[PDB]
Structure formats: structure tokens, C-alpha cells
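**Student:** So you can see what is in the structure, the chains are spelled out below.
2 protein chains.
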Amino acid sequence: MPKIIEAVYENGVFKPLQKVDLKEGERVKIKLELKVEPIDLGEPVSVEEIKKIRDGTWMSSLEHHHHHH
Amino acid sequence: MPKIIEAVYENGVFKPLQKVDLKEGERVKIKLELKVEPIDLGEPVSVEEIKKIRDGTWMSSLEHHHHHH
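Chains as they are written, first to last, in the numbering used here: chain A, 1 to 69; chain B, 70 to 138.
Calculated directly from the structure, the hints in this document are not laboratory data. Virtual Cβ for every residue (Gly too), placed ideally from N, Cα, C. Be aware that one or more of the hints could be misleading.
Derived, one-sided and incomplete: chain B residues facing chain A with beta-carbon distance under 10 Å [claimed, not checked]:
(1) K72
(2) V77
(3) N80
(4) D90
(5) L101
(6) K120
(7) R123
(8) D124
(9) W127
(10) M128
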């Protein structure tokens, strides 16, 4: 694998933690390890089905009379 | 903003190409720049519904119609 190894920069030189398979003058890239995570954003609370929603229940009396003559 | 440092590992030491003024035993991770390995071709094509999965021959009983009097 393309392995990472840790090293301790002593006095101006990087001294490994465990040996490296490299030769003299081998070129590599190194960085000071970081911490913390980035920022996170979440979708705000919405109206859920469990919330009180009114229904449209109509009611008529169904009139069925007739004026006579 | 962290940079990536480059160093040359000579005789078991990592010697940067850009001098750093940090502590003795400062913590860093090393990366060895790697080449990518390509892929080959996967599996052949499958059989779909419109591809006709098997034979499509069935017996027609032909026309017998109706007879009356």
C-alpha cells in the first residue's frame, strides 16, 4: 500500500516512527497533522403529519319540502 | 492553511527541501506520491425484457369462428 508513516521533526530533521523503505535522497510529502471538523448544515424542522391539520368536513341538512297550492 | 512539505530521506533521516522551525519531535504524516493502477473490462451485457429472454413462439389455434342456425 501507499503507506503513511509518522515522523518527529527533531531539530530540523524528520525522524520516523518505524522505519521507512526509502533510499537516500528519497522525496516525499509531509504535513503537520490537523484537528477539528468542517461546518455542518441541516434542514430546518418542517410541518409533520402528526401536527393538527383541520379537515374540510361540510354538512348540509338536505331540504326536501315542497310548497303546495 | 496547512502546506505540504517536501523532504529528502537521507540515510534514515527526512531532510526537508524547505526548512521548518518547529519543535523537536513535531508530528507529521508522510506521503509517497503514487501512480494509479488502471482497470480492465468487466462482465458482458445482460438480457433484458425487451431483449427476448427465451424463444417467442406459441401455437395459434387459428380461427374456428361460430356456427348458428
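**Student:** With reference to the structure, classify each hint as holding or not holding.
**Tutor:** Evaluated hints:
Taken as an interface hint, B/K72 checks out: its beta carbon lies about 7 Å from the nearest beta carbon of chain A, inside 10 Å. Evaluation of the B/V77 hint against chain A yields a held restraint, the C-beta minimum of about 5 Å falling below 10 Å. Because the beta carbon of B/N80 sits about 6 Å from the nearest beta carbon in chain A, less than 10 Å, this interface hint is met. At its closest, the beta carbon of B/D90 sits 8 Å from a beta carbon of chain A; the interface hint therefore holds under the 10 Å criterion.
The closest approach between the C-beta of B/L101 and any C-beta of chain A is roughly 6 Å, which is under the 10 Å cut-off, so the hint is satisfied. Checking B/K120 against chain A: minimum C-beta separation of about 42 Å lies over 10 Å; hint violated. With a least beta-carbon distance of about 47 Å to chain A, the hint placing B/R123 at the interface is violated under the 10 Å criterion. Contact between B/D124 and chain A, as hinted, is not supported at the beta carbon level, the nearest pair being about 51 Å apart and thus beyond 10 Å.
Given the 10 Å rule on beta carbons, the hint for B/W127 is violated: about 49 Å separates it from the nearest Cβ of chain A. With its C-beta approaching chain A no nearer than about 54 Å, B/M128 sits outside the 10 Å limit, and its interface hint is violated.
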